[PDB]
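To begin, one chain is listed below as structure tokens, in the form deposited without its partner chain.
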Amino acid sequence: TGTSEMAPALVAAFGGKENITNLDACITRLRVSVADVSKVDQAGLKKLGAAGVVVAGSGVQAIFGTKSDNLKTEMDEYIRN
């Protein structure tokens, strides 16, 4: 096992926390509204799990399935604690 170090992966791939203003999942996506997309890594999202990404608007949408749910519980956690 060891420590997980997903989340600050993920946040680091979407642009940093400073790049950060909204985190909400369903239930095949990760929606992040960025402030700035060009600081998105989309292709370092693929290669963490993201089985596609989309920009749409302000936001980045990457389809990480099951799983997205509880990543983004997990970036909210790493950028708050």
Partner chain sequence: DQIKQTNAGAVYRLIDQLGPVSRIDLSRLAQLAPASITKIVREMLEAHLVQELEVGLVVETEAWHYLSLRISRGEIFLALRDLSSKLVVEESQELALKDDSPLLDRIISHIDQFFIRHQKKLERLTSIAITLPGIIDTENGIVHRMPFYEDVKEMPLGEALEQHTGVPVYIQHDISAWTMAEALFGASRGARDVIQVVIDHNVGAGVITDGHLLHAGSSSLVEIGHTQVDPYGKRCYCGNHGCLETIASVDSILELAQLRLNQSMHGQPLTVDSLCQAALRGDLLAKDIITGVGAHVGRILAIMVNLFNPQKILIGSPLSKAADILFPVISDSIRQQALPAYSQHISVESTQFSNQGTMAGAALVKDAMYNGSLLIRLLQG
Second form
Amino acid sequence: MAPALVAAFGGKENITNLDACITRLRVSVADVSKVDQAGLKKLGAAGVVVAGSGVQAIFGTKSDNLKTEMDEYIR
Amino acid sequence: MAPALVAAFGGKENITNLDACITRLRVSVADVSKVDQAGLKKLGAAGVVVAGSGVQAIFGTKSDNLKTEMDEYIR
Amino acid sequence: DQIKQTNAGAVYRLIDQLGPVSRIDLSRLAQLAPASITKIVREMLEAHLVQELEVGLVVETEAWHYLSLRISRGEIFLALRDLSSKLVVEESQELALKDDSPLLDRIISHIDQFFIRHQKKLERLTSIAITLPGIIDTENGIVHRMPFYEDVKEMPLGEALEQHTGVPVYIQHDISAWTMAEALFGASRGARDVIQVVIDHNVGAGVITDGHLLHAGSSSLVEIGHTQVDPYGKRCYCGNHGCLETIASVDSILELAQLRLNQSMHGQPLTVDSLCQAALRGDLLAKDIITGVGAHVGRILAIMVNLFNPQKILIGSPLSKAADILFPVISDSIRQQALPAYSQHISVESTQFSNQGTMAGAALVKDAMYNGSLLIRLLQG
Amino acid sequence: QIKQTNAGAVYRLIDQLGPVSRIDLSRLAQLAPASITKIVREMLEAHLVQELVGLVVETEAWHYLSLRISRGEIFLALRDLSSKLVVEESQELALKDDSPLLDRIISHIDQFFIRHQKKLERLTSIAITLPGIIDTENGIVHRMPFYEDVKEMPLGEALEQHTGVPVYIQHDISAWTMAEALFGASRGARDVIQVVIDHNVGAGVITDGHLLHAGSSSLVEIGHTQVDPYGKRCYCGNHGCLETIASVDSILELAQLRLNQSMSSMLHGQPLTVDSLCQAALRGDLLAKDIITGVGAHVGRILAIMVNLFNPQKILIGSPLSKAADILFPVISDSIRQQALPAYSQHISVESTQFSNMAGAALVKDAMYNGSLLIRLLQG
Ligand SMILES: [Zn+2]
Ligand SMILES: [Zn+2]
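Can you switch from the form deposited without its partner chain and show the form solved in complex with its partner chain instead?
Let us now look at the entire complex, which starts with that chain.
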């Protein structure tokens, strides 16, 4: 659920900072061009906000958890 | 039960027409002032409507029955 | 009841407009509790307000009647209508204006007179709606002041009439009531925004935005009747001089036709009907009076468009007869003066109900059934 | 649906009076214990409201991008749903460039976002206020007053696609109208009329506490009501419009053309500026005076008909011309009272807006109230 969620942002090489609030998944990338809008939304996202250089994936309560699942897909 | 209804409306010498709907007991009268509305309510009328010279007494299903009662009581 | 009242009038509203709907459809549309739907529905089913089309529910209106009467200048129009507002019988009486007996009581008499003669056609009396010009306290049914009948001043012609019959009395300003009456039944149906100008013994117009009738200050109804289109004109009973209603008022238009007939040109006495007909045939003198009004109304209705942008513009007046000569004038104006992106898709059309049709209270009773403050009383029989 | 209008109506309540219990929401908002308690339950689970008996609103982590396009400048700022300010920009816009405008505006927004990429806590929507004819429904700016290049600009569709939040198109005028009512001069009033008199002419109206919209939310183009049947062409395609006669530029253009002729004015020497005209109209100059008077007289006549339609409590003017108020105001009032239902005009007073230079606020709160934005915010 999270290994394909890191690819939806481009990949460990494009995600500069992985973060998440209560219901969103505010992740800051290096290149928005590489952000997969479909895959994110076809994985649970109710909307993808691309304000500037930071994406905000709308998944819900699973967000606070998903940010953790994606950080483990490095180690 | 029937004679009380005739009395409340003013007795036979006041009832000029007597009919019944599916939920009301319509009865025309020669003089609305001679009609005891308070009683009509006490007997079981939910409401008493005065439209011109025809008093509508709301009894309900039991209305087409009481029109038949009052009808034989006037004889 | 308190929420059972609005909760109820919502299910009715859905069945009156969307019927035949299913119990399920109703629980889905009204967004109310499933078992809560079956309760309300069953009550109406028992009190004979709705019936099963045998799943399949559609209002029952034939057996219930209401009295819709509108009082406009020395004339009272009384009619009995269905809860669908279909009429049964209509009749127009008189009122004289000045009399040894107050108006308050003369009105009650006609109502009695009307009922007596039509006691065999009348079925279940549900209420009476009254529409009239004047300053009206609608939530209390008290006519504060009223044109035509000088001696009025705080007339509880709503409370006394409610006691004398025992059914609810709904009283609304003539134009406001009419405007929404058109919006539910006729002309401007299916529009959230609507301007309805009314031109008769008194000029004024009503407007609807988003889906609500527009009010001002207090109730302070829209008064475009007093918009100085002529910086001089005559003296108005308001204060200024040259108010729209000094040129556009049917009475003026007729004083103008007359005081302009005394100097050459007809045949029969001068009336609004004979005027329009003359202009209809091709007379240039009557045509010039009609166009003249449209010049003025047009100017005002021009800016009224850049403000609201209605889907429909309606003209309520005996002059809708001369549609061919007056409307085009209003249209040009609106097309020459308001924003092109707006005046594009919008035509000045005629009002569907005459200035005399009892259909003006058609909404008062519908608002009563929808808001629930009636379907609850009728629920008993 | 009914869910959106029923959901946004409970929110609309909880913010107008904080706090309010699940009972006042059921009561004051007309709703049963099922569709008034559960409607808050999902709003609490989405944090649009706050706990503590009493219910208030949570508006700090929610933000929205607001921007205004002036005759030549693009102002930016992020705000809370309470309309508080988080950060504001001051970037120049200019007229001609390599790229059109729509693409230029996007870069501007994108810039604003990378710098202040740490202030943002959660984006809900973006609200723009610019001049010109607009479709709003699709947000297609048709034509504009200072960018003849702009022809059918899908600003709404584009800015949404480039972020993922709803776009709101409105005029600098409407927005400012709600602002004056929220802290300006009409704060506390239910019926206001606000006229703006700058490079664009227009008027925002507040009816019974609500900001008057238009048919299909099409905006009030009161500035395009013909006042002179012979006036000059207007970007709306018509001519003689109000924006054509009272537009501050036209005033000076009219003064300038009339100066270029055989005419006297304490304005000959000092070059013509919006300040210099008033400053000279006050000293009695027959020219500057009569230009403003006329200006005043042209806005008053229209404003007189609006008094008859809305019978407002207060009438506000927002213009650099309010420097010569003792010439303007007294004229607009004189036009109001001489051609409007007395009872309406005999207790009305013209006053100047106590603010200058906006920001959505009205379109974002109302976006919450209608329940449109709320439903989309309930999953986020
Ligand atoms: Zn007048
Ligand atoms: Zn224009």
